[PDB]
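K.L.:
Chain by chain, the residues run as shown.
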Amino acid sequence: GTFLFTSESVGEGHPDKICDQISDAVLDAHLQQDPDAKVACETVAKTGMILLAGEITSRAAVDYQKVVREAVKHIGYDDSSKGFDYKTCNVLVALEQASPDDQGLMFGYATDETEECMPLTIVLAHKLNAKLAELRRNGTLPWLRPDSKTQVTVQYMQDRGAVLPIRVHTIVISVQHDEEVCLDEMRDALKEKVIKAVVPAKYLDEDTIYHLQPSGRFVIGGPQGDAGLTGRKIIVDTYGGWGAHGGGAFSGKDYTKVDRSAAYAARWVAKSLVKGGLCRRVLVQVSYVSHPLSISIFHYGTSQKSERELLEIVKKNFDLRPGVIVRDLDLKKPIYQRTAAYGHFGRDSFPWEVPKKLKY
Amino acid sequence: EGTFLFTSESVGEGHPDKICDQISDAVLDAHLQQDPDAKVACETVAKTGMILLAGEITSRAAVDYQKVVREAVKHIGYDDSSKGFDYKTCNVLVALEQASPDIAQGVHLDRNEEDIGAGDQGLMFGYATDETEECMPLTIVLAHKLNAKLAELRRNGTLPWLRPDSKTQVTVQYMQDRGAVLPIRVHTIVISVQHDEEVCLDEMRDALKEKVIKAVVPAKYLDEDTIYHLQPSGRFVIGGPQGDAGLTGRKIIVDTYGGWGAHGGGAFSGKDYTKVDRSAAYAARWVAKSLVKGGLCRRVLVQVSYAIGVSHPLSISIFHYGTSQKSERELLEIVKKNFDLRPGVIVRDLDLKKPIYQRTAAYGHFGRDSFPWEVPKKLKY
Ligand SMILES: C[S@@+](CC[C@H](N)C(=O)[O-])C[C@H]1O[C@@H](n2cnc3c(N)ncnc32)[C@H](O)[C@@H]1O
Ligand SMILES: [K+]
Ligand SMILES: [Mg+2]
Ligand SMILES: [Mg+2]
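Those sequence lines, one after another, are chains B and A. Here the first sequence stands for residues 16 to 116, 134 to 320, 324 to 395, where the numbers follow the authors' numbering. So the second sequence is numbered by the authors' numbering: it starts at 15 and just counts up by one.
I should point out that these hints are in silico values taken from the structure, not numbers from a laboratory. For each residue, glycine too, the CB sits at the ideal point set by N, CA and C. What you were told as hints is all true, and nothing was included just to trick you.
Computed from the model, here is a short list of chain A residues facing chain B with C-beta under 8 Å:
#1 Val-59
#2 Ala-109
#3 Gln-119
#4 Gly-120
#5 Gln-135
#6 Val-268
#7 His-277
#8 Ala-321
These stretches of chain A come out as covered by chain B in the derived footprint (C-beta under 8 Å, 3 or more residues):
#9 20-34
#10 68-74
#11 111-118
#12 255-266
Isolated chain B, as found in the complex:
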């Protein structure tokens, strides 16, 4: 009675994530000037090209040059030797901006297996990419480049529906590098200076499988290696394969799109229930008229209470009308670029990650 489970994550310089950041950077630029701006911005990236397409209703007037190039500068693509460069890339704008003059099924999920209230597979996957970026920027590993991917397999057991992480079974890391460092040195660095500094020692053992630079070469990367598009990392963005997904992407959409804000809300509910002591693992499902059509709470058997009883607690403590959601969570503020890498869930930076006290 044990099982395995896997999740991936992706660095700031991954081509799909580059577009998620540019998309949310534009949303922030518009909101900074017009709190009621309406945005649906798609980004596309390939060798030498950043392209902006979509619709916007907004009083603002945005410098898309400074917006795109500053973000590419932050990510770290600044020379042709790296495959991309913010000073010399082509910035094409096909957006349609006007002056002012949906429904769905969304999911929330939470698990008491970590402080982040998130599956250990994805938490670890995210943190490894953050560590790569941190050692690249501070000088510790100057051969590292911005494009990276990680994935983590954990061996678990059950206990009345809750999941208990036993060991890390397999870790993958592929990362774009410069032309001077050799293969042995890279695999050594990845294990000793990145993995061992990120994964708690209790999860590591002599049996753990390492696939470090498995392709054997990764000089060509970024958009030159692989075309990038907004909203192509929706599982990296959310629960790593756990829980569920209704199917909408987050980046480049404003708060009036229920796909984003109601999804955040459902995470908020799920995290509140677990941290409130009511269950150890939970799925929240909101069906969508401003009041939601239906709500069901699946606790996997980890609550003394019944599922009817939890619904009652939820209804007595929360108002999930998109209008009210937007007020309580403060979603008109320009804080969206921060969400676009390392996951929108399980970071102690955002309003929907602060649990609510439940009076019942």
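Since chain B is already given, all that's left is putting chain A with the ligands on it; use the hints.
P.N.:
Just chain A with the ligands, lined up with the frame of chain B:
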């Protein structure tokens, strides 16, 4: 054990996201018809008056991209500016390069058919369920089949005022049974479809209920209380790309299990078999259907995972929702004796170098009659 509600969505060929998925695979088919070993990774972008291709291709084939793209827009049904898009007069822009030499040395160069490494890392899921002969959730089968009937009646002349863009949503009421799910009745149906200027809504809502819903949803799930939302936002004369943006790989829940099971995040369209995103998801579906159709369980989830350059899987997991005599560990062992989930062997069993892929790009990749991953394998145990 107690009833609940679930909804799935589907979209028509003329929805801007699905346009991109279809073009991507039409480009893949063009290449495979000439070179079965072509490596293709084609992304499509769609917006007011433009189709753009961006991505990577290594192929011995010669392809006329303008011809391939415009033919598919015609096939979809956009031939005039009054519909919001015209294949004769749109802008087609091409940014397609060779695949990275770094990738190729790591994956395929100097290796056997069976021993080619995975094209990328990632995770993927298979799902199946005895609630239909299709072995698919009823919510998503119905939503897809509604969009199929719409395109059928539009194309053959039965309702010639219909246009290419549409969205459907189907809500079903369910009860549990020892972990399995039992579809009882349909609670809500929602349909918007693009139409010609010259038709009235009243008449249109009537054809939708009578020629479309009634001919697709078995009568047993239809009752006095079933809520119908037909053309709920009124007239819908202009559709597709016009005033809208769309991308390849943006309808990945629609493409698969309509909210049910799980997803790993890999898009299907525009990718040849060496992308495990496609090949391994197709195989996972094959496994899951075989386990259910073999009588070994009533509902099942299957996970796999890969690392770039490595042929073998990094992990395999089976979840039966409590619907089996045998344990989950017992079911894993049966899978391991019966299947070889190396991509260089999946290609052979499912025949994945054949140019069949434009068919998969609307109305779901699963629950389809003729696709190889839907013919269940007889299992030895
Ligand atoms: C490997 S590619 C897959 C598809 C690719 N476009 C193709 O033409 O085959 C996707 C991701 O893998 C990572 N990657 C790119 N080149 C790589 C290499 N040589 N080795 C390992 N990973 C790589 C990048 O982060 C990239 O975003
Ligand atoms: K890509
Ligand atoms: Mg991608
Ligand atoms: Mg992926």
